[PDB]
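Presented below, as structure tokens, is a lone chain in the form solved without the named molecule.
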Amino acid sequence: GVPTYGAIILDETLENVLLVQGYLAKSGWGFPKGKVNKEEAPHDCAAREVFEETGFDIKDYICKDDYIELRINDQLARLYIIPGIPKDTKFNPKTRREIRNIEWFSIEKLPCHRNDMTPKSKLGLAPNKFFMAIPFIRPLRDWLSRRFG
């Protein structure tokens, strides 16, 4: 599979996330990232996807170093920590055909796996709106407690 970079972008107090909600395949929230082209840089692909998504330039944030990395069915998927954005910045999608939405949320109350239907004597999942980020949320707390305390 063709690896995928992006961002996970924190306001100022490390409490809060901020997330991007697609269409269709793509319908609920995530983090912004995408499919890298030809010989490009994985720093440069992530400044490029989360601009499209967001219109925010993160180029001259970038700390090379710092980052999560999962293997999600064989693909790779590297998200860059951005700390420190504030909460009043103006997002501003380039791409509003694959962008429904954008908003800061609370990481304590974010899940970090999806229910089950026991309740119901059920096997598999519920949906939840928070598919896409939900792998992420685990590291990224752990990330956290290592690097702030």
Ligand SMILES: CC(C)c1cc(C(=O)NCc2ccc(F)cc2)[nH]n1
Given for the second form:
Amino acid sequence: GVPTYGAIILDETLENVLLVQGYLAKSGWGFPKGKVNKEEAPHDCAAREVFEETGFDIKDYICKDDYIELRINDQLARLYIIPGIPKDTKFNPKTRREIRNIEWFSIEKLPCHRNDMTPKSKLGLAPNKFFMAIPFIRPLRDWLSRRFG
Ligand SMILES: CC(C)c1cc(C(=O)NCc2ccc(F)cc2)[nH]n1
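With the form solved without the named molecule already on screen, would you show the form deposited with the named molecule bound?
Zooming out: every chain and molecule, the one shown earlier first.
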């Protein structure tokens, strides 16, 4: 799998993160990210993907060592952490054929795991519209604890 790059954008309070919702297969909510182009630097891919999906340019704010990276089914996904973006920032995707909506979400109210269906005696996880974000949420909370307190 080809690596993906993106960002976790937080507001000034550090309470809220920016998620985007796409269409069809990508119909839930997740962090803005996408597939690296051949010969493209990770920081550049992240800024480009985030710019296309939200209209907000993170290039002046990316810090090289501040990211969270997960390998999920042998695909690397790296999200650069970008704090302090004002909640009144007007976000507008370029790619409005790909992005339905863009919203702030409270970190503390997002799930950091999906629920089972053990109150139904059935194996698996119930659907959750935050499926793509979920795996970053515990690591983000642990990273904010360390970096801030
Ligand atoms: C595979 C299934 C579970 C899935 C994946 C996603 C998803 O990625 N949504 C967020 C998103 C959408 C468009 C975009 F350009 C960037 C991020 N939603 N459902």
